[PDB]
Structure formats: C-alpha cells, structure tokens
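Given as structure tokens, the chain that follows is alone and in the form deposited in one PDB entry.
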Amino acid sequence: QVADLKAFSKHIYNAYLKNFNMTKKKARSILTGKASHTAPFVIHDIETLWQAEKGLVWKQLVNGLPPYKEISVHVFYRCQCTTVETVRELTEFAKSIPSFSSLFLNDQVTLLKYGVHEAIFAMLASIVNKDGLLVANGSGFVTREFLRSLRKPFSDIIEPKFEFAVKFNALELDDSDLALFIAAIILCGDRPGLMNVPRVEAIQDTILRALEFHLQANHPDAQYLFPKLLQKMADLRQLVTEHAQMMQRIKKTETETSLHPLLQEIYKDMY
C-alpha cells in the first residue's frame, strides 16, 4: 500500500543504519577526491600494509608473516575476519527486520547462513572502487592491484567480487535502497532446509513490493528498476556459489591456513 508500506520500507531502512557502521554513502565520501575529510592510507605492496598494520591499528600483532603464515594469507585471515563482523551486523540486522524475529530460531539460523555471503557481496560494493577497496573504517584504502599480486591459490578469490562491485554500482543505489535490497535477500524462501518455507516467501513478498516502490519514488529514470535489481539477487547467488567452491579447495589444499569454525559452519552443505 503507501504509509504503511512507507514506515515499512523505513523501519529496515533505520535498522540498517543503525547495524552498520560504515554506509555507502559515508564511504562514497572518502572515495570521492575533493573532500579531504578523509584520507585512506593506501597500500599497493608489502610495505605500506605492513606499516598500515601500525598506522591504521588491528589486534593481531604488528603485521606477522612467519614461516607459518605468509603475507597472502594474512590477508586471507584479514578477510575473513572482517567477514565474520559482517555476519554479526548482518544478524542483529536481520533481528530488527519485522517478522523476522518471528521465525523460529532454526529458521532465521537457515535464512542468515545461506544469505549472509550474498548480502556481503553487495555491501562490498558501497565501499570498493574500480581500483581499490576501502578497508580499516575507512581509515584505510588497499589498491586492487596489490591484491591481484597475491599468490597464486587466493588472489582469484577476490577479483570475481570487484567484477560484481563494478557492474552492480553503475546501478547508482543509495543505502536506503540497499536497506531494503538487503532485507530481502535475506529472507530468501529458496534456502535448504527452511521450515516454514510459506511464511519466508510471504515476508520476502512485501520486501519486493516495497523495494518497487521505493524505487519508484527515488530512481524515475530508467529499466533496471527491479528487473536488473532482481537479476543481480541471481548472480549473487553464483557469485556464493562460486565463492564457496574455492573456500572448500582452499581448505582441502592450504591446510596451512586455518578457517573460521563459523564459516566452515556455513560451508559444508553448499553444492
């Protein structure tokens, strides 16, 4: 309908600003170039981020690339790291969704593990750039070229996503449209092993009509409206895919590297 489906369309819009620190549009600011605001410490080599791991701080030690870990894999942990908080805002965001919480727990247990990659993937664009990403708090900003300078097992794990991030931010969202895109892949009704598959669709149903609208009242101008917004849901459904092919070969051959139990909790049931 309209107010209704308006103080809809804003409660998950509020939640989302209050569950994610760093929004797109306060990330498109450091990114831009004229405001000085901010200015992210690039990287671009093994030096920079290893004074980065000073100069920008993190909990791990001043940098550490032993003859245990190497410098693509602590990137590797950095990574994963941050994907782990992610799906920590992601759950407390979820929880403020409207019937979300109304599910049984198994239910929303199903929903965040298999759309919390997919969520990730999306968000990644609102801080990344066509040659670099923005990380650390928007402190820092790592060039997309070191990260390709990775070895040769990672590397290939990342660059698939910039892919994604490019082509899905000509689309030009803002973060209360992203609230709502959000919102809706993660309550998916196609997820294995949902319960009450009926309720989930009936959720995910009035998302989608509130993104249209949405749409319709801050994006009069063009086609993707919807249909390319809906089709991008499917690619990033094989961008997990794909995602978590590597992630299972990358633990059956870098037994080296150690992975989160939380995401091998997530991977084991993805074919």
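Numbering follows the first chain given and starts at 1. If you superpose the two forms and keep the largest set of C-alpha atoms that fall within 1.5 Å, you have the rigid core. First, how it differs from the form deposited in another entry.
- Here the rigid core is superposed between these two forms, and of 69, 237, 228, 209 the C-alpha of 69 is the only one to shift by 2 Å or more.
- Put the two forms on the same core and the Cα of residue 218 is off by less than 2 Å between these two forms.
- Annotation for residue 48: C-alpha shift under 2 angstroms between these two forms, rigid core superposed.
- Taking 2 Å as the criterion, residue 246 does not count as shifted between these two forms: its C-alpha moves by less than this amount when the rigid core is aligned.
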Contents of the next structure:
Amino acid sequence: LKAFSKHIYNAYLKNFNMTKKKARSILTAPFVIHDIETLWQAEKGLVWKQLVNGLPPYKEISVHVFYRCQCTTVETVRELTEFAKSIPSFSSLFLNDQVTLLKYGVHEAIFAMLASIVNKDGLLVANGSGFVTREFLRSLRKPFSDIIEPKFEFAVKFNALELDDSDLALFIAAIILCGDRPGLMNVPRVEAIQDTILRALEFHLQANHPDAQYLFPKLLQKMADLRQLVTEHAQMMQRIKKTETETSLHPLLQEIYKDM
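What would you give as the form deposited in another entry, now that the form deposited in one PDB entry is on the page?
If you are looking for partners or other molecules, they are not here, because only the chain is given.
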C-alpha cells in the first residue's frame, strides 16, 4: 500500500520536468514578460532570432500567446500519457479505454498541475526561465483573455490546500482513472483501479498532512471543480475554433477536442 503511493510518486518524478518543489523555489530570477517588448525578447530560437525585425502588429500578440498555451499543454499531454503507462493496472486496460481516459482526463490533470507554477500575479513558463504576468493576459483580446483568467482564480484556491508533489502524484492518477467518461467500455475495472488509488491517497494525506482534517473530501471537491472548469474551457476553445479563423489547433489538441 505504501509502495503503491511511492510507485506513482516515482513515475511522477520520472515523467514531469516541472515540479511544485522546483516551481516554488523559483517563484519565491525568472525573466518577467509584462509587455509586447519583453514577450518578444523571450526567444533564443535561432530561426526566430534570424527572422525577427520589430514588434508584432496586434492580433499576432494574442495568437502568439494562444500558440504558447497550446505548446505548454501538448508537452504536458505527452508527459501525462507516459505517466499513465506506469500507473498500476492502466496498461492492462483496453487500449481504447486508455485513450478515452486520457482524452477526457488530461486537461483536468494539467490545470491541477499548473496551479503549482502559478501565483496571484502570474505564472512560470518556458522551463521556469520566464514569468508571464497576469496583467498582460488581461491585456490580450477577449476570447484569449476570458480563457486564461478563470484558471488563475481556480489555481489560487487549489494552492490554498498547500499540497506537495507526493499529493499531486496520486491526485492526478485519480483524475485520469475516472469512471464516468463517455464511451468508456470496461467501467468496473476502471472504478476498481480508482478505488485502489483513492485508498492510497486517503492514507497518504493522513501520513503527510496530520493536522489538517477534512482534506480528502476537499480534494474530491476539486475533482468536480476541475470537470466544470474543463467543461467551460472546452466550450470557449470550440467557440474560438469557430470564430478565430486565423487561428488553428495542434493535431494532438484536435483529437482531444473532437467529440466533446
């Protein structure tokens, strides 16, 4: 049982480059991106460096941030996919279920993970090297500003729990191995596996956070909140996909948002 929680926490460490430990040690010399000038200064890309001339028109600023939001999540989706392979019993499931579980579960896992790299004034980006301000994300266009702002307000509430990476490791495994996803075939086997993980998390929270009662149902509450947050996010993404014709979506993201 204890080795179960350390197996997942092992895989978490093995698969996710950015951790809450490394994140909070940075947050408490990142290059601050607070305007169009500093946003462009974050480059280092040799091809980008060879092509840059001046500052971008206006519409390019929001598409660029929207492009960086895609890249962030795409990388994290591929990490979460490996992470899931190491979760006990996940690989024994039907490959369809494995895909279905990841399809509807990755964003919920991401937004909980991304709370680690966030505070009330902004978030860490680009391998912890830069810090994008909240004000700048308010200064973008409405469609792209209205999808970033709900996340900040959730992240600060999630960070009030004062969890660590060993808590997140199990918590994320619980989000992925979720029973009530559309089209999920072998439901009993997934719920069974989730109970094992839920039983592991219940023990871990008591062994890691002694003097903070009622913390488990709090985390269960956040799972329902992560669903509603993603439910709104996906809707705002599809409204964007409809209206924003000069905007496209990464092939990995296209899959996930196909049939939601």
